[PDB]
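This document opens with one chain alone, in structure tokens, the form deposited in one PDB entry.
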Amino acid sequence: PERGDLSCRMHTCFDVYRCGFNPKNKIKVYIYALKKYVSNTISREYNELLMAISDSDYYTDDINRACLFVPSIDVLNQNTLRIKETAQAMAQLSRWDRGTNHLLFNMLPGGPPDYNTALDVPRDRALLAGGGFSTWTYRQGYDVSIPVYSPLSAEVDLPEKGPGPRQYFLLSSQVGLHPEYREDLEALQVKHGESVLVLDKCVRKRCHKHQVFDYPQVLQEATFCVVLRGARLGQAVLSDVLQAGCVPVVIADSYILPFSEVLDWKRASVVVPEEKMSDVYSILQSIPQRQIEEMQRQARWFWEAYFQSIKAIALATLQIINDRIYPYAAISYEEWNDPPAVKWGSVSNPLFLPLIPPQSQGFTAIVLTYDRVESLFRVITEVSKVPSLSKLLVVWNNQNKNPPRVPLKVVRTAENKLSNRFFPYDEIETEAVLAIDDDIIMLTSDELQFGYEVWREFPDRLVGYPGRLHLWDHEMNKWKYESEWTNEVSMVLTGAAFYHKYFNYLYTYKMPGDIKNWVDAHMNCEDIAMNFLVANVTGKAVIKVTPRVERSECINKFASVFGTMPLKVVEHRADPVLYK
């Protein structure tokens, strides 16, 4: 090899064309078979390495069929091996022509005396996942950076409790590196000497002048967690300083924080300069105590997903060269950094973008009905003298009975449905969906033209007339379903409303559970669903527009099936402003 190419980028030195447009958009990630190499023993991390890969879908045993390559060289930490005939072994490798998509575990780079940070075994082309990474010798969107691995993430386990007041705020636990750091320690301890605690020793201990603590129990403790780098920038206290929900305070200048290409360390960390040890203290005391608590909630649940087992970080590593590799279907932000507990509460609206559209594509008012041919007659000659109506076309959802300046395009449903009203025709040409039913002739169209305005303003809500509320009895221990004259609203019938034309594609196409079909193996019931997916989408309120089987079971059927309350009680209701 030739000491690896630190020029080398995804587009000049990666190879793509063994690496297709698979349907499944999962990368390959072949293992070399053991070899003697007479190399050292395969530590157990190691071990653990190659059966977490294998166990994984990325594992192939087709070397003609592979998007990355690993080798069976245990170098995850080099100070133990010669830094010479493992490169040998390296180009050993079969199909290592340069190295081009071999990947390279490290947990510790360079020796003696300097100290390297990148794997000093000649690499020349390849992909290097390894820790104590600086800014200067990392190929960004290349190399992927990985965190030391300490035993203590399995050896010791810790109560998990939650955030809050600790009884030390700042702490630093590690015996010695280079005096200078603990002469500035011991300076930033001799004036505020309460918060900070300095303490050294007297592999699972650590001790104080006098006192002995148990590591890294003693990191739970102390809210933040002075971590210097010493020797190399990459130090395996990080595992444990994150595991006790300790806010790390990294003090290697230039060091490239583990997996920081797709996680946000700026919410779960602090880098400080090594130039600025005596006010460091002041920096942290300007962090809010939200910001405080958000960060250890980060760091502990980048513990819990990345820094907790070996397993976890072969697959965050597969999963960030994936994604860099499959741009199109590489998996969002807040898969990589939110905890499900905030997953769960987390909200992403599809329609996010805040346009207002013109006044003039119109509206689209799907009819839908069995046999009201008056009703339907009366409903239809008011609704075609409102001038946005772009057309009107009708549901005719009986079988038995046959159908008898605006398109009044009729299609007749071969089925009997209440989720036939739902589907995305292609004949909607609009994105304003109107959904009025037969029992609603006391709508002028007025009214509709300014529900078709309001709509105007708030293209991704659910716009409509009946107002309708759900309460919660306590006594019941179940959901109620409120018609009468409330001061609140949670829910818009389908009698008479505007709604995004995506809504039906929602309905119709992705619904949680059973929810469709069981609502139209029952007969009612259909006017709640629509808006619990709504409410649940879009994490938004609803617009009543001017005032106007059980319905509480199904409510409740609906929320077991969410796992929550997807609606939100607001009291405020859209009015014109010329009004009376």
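Under this definition, the rigid core comprises the largest set of C-alpha atoms superposing within 1.5 Å between the forms. Numbering follows the first chain given and starts at 1. First, how it differs from the form deposited in another entry.
With the core held fixed between the two forms, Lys161 has its Cα displaced by under 2 Å.
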Contents of the next structure:
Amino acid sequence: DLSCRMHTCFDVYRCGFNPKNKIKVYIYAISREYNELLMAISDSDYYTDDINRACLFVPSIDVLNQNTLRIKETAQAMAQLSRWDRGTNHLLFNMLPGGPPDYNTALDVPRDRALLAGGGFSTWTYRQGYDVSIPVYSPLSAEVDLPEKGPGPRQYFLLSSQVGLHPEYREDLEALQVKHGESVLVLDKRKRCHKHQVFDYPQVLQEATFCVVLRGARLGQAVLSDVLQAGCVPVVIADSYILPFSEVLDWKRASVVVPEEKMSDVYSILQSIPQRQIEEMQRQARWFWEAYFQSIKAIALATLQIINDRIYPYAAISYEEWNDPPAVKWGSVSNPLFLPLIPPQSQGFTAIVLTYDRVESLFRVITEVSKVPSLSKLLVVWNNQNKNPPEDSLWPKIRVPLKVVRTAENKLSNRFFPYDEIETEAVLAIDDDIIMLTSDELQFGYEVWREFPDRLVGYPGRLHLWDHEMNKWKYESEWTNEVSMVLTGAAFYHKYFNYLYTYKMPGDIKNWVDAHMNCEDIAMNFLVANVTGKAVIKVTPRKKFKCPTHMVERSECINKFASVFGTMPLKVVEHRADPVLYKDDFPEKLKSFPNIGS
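Okay, that was the form deposited in one PDB entry. Show me the form deposited in another entry next.
Only one chain is given; partner chains and other molecules are left out.
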């Protein structure tokens, strides 16, 4: 029944909510492909033994092949399953939905309400949020392991390798071949022959840039998996057909679809695709093959994941987790603070000051930070467990709240804890020996942070360089025309970065920095560049921060951190954000920040 959607057909009384947002699948106690599918489902986390606690029922009946189905007997068995209950939450897998009399592009069994996962779906036989479109599994994907050919130019531009196409398709393809020649390599009747010349059928597909996929019957051909494996960008010229896993996969980035009527102009369409897009489409096709088309296990897992995402929409995996290749995933960013919002100056920032035996200079920090107009709250992290904070009469009188937090352990990570006492978005993490920053400089730093609230706006200027002689990264601190790090001696950053340091920093970087009591700013910059994807922004020309075996440790820190991340997430820029009208022949009163100079 086509009028069968989740909100009415599906019975959500069976899987309401679980701490792990994974639906449960039960399998009743036969082609080898279906045996492999059942084995793949059984070894997954979705498998459960209790019938009562299950939400999806997958019968142990072969429905992939319809040429030898005996539809009446299969329907009788489906009814006889003794738990059919009008097919409320049952799932059926299919790959050849067609009939010798006529091909309906769907399974011909009654299946009054059951979920269907079939290879061939038209937009008329498809229920949007109910059915799932699965690839037509090709045994050639695993039978022959084609070498992983790198993306690049190919001998042929357009190619078509299908047997028994309709005569109109053959006529159009031959017309294209005679119109262009030496590029459109149309092939005819596991080996292909053009004209007395033989190509290896799995491997000829590796010799072409674009590959033609047509519809002869069942609306979905097994050649799509082979085309994806060979890496060529598939061209589907089926008029009304939805590509497998179109719900979660972005086929616009991995294929070209042209209508059957507009087939004679396919070459002009394909020539409009730039070569870079061709390489990206080839990479996406290979990724789709190795992640979803490779084996019956991958298809079954993808189907179960899609259905689980339908059942638990709030816990569905991301688009990038679906259609980004692992190389792209390592190179991707997925910035968490992406919304282009400019926080108002009515709010302010919270200053976290980490002090350790600098009481005389600490009050100087308090009276220097407190002079800025936009300070909201001052927070001091007393990290010394042997000396108590001075008397509350000794603390200076300031316009904003000041509170002191005792730390049970001596760690450099105590600066980066997400304290609930911080109510604002911005954090000014400043060391206890930072006095040279004027009020206007701090205000300018905050103002620049408002325009760039997803980065690390620091005042220290650092760099890292590559030592060719030693084949290792080298920490740099000399005044150079390149910045890769801004130290947390004076850093504006989102409190989400504190949360990330405390609960998401990869490896034992937090533990290692705590152990060695060094290199916390480097780790923070590394995390910010890894999660945000864009380099830090250094502000002001000021470089000196002290009015009155460590460096090799910093180099070792950089090397270890690069080892942990597996790459250098840091980026090199030459951005010294300055106030506009800086050092101009303008009156000082009208300037926004006429107190920056070093």
